[PDB]
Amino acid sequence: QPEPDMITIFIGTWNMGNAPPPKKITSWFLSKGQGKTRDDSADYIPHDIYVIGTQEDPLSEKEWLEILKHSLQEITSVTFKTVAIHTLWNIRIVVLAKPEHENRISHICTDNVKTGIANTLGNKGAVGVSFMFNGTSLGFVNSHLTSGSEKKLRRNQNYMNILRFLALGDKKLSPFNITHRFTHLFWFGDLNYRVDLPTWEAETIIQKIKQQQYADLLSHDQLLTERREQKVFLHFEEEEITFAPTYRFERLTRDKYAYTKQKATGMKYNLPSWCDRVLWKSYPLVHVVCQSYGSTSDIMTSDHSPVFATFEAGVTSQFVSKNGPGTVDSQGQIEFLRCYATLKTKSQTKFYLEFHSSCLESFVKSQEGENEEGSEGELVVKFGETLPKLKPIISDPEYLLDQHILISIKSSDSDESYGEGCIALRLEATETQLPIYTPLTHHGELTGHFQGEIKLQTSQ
């Protein structure tokens, strides 16, 4: 039985509106409805992993697991295994996997983050799951962010609290938040970003939706505009949206958007919006392809429609050589030339680098760089030719070229990371000086850049 080099992953997000689901929800898991939908010829093919995020979920974990498992069994004739389930209030994530994957999955973590303070603490936040699939780390986040058209800044704040405080993946990666801990990170949920148009334009918006003319609406979508302006979800991807707004519907039909202000809405309008979203961030030069992104048309118990997304995701095998793991492989090395960090900090401390990677027996600290001033005011930390030679555990190029090096630039004074980034070893050549680059972020905000050259020696 060969190990896979690619799996498919289903992501669902559904705000259930505190109502039980209808008797049949199979269209969701089949990626059928509006948008980028899955070919009928694939309907009996199971995805490898199904990750289901709900919000406003009224069901017990047991109730929902029985619906999900019976749904997938009806579709695929496979009895899925439960990898993990975690619930914060009415926000839930379920991870299900094909039985053949049970021994490939390990290091399962779950966590939650509650957002807001006093007033604004009590129902919004995120749940998440991580695990290893053979040699590949996978992370999944289901968030229900602050509601209301005039709270986009709060949503952005909720996002930063979630990525700072959600404790998933390898704790040894102490400088790194969830946006650096995983080969593939999927973040989805009722993110609650709205189409920012005047209230008076409500019937015009509905007209456009009925004509399937989304362009003038997506240009006002707050998540797209906040992402363009680098306010949120920096360095994540989202597939093009080609499905109607998923909120806010009258229940039991999809023929009507309920947008007008009511006591029950706090006297707020709910203009039709793409509240329900799936984004991802994968390490550089790893295969990840979105093969569906859309909404169902036939599940109408909630004021939201479910959203699906599916992905091809590259994965690697759990490599054993005669040498590593449990020692170094002397035929392997990673070298760095002409390297420097450019930082936005207004502070003057010395800095050093830390290199983290599962291809190393443990993380490596550099010497301090030499600080200089850039021509436009910047701090430039020069490492030149001074960075250490990294000694990987395995030298085989079929392993090493699939690996990544995480970099943190840390203050000598405080040992606090000022920026984090990631370099792929998927090079065009070995034993050859090649340019490398990563942006540097901290708390998911851009803080600088790291650039230079790499020289990678493998056993070939």
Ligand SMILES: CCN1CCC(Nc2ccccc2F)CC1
Contents of the next structure:
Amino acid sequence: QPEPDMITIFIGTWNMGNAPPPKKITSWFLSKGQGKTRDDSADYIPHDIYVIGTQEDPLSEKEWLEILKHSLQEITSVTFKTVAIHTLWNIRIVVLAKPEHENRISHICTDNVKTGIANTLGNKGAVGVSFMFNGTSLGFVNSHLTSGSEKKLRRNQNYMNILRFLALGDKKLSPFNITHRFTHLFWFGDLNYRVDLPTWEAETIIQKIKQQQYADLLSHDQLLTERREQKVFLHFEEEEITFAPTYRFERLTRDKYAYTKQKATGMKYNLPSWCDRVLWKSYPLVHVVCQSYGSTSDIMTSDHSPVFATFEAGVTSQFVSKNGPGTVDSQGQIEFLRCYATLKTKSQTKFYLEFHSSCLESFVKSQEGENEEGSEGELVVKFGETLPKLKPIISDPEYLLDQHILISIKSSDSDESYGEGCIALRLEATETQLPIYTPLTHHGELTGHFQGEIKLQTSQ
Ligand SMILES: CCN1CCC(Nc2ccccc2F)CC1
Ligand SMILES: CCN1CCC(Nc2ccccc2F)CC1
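Could the form deposited with the ligand bound be shown next, to go alongside the form solved without the ligand?
First the chain shown before, then all remaining chains and molecules of the complex.
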């Protein structure tokens, strides 16, 4: 049986509003309802991996697992294996996979982050799962961020705390947060960003929703506007939204948005909003295609509607040669020419680079670069032609061209990373000087750039 070069991944996010689900939730896993929906002809085709995020989940892990497995069994006639389940308070993530993938899946990690201090610590945060699928690293984050239309800044801070402190993936990648540790990272949940229009416009907003005219609403969506000003989710993607706001509904129908202020809401309006979202970040030049993004119409136990997203994701095999793993392939090398980092730092320390990749036996430290002044104030760290020659474990181009090099620029004085980025080895040519580029981030904020030239030698 050949190893796959593609898998499909189902991502679900549902704030259950502390109510048990209805007897049937199959529409969710079939991507049926409003938005970008899945073709009927695919209904019997199982996804390879289902990742279910819930918020305000009132069920035990046992109760929810039984509902999910029995749901997928009804749809597919396949009994899915439980990869991982992790719960923080009422925030939960479940990863289920087809039984044929059981021995393709390894290095399963779970973690949580609690957001806020005192008052604000006690029910918001994130849970996550990572694992290897053959040669491909996969991360999944389910976050329930701070609620309320006037707290978008608090949501942005929650995001930064989650991506700083969630401990998933390969701990040897010590300079890198979860936004660099995975071939494919999916981040979903009740992100709680609102449509920021005046309260007096509520009935107008409802009108627009009934006409399926979402354009003037999405232009005020706080997640889209914060993302466009680079305040949150920098270098993440989201599919176009073509489904009605998923919050806040009267329960047991979808015909009414319950937006007016009530004692139960802390006297806060809940204008119709896209609270419930799926975003992703994959390494450069890896295949990832969103094939559905929508909401269910028939699951009405919560004041939120479930959201689904499905993806095709490129995956690689667990490569063995005569040489690597367990030695180098002297027919392989990665050289860096005319390289320099540009940093927004106001500091003056020497800097060096670390190169991290699963194509190397271990990470590689460079010599210190040469600091120069940029013409517009910037620090420019010149490496020129001084960067070491990287020695991959496998020289076969069918392996090496599918790999990536993570780069950290570190202070010589503190050994703290000032910027992290990623370079694809999926080059237009081998044995050829080619431009490379990555933005550099730290705690998910832009800190600089790394650019130069690469020269990749493979066995071919
Ligand atoms: C040989 C590696 N090994 C394979 C099984 C894996 N566990 C697992 C994978 C997928 C579904 C359910 C599971 F329990 C733990 C590590
Ligand atoms: C170079 C890739 N990049 C270009 C388009 C950009 N678009 C965007 C950013 C923030 C909010 C809404 C958006 F549509 C996102 C990805």
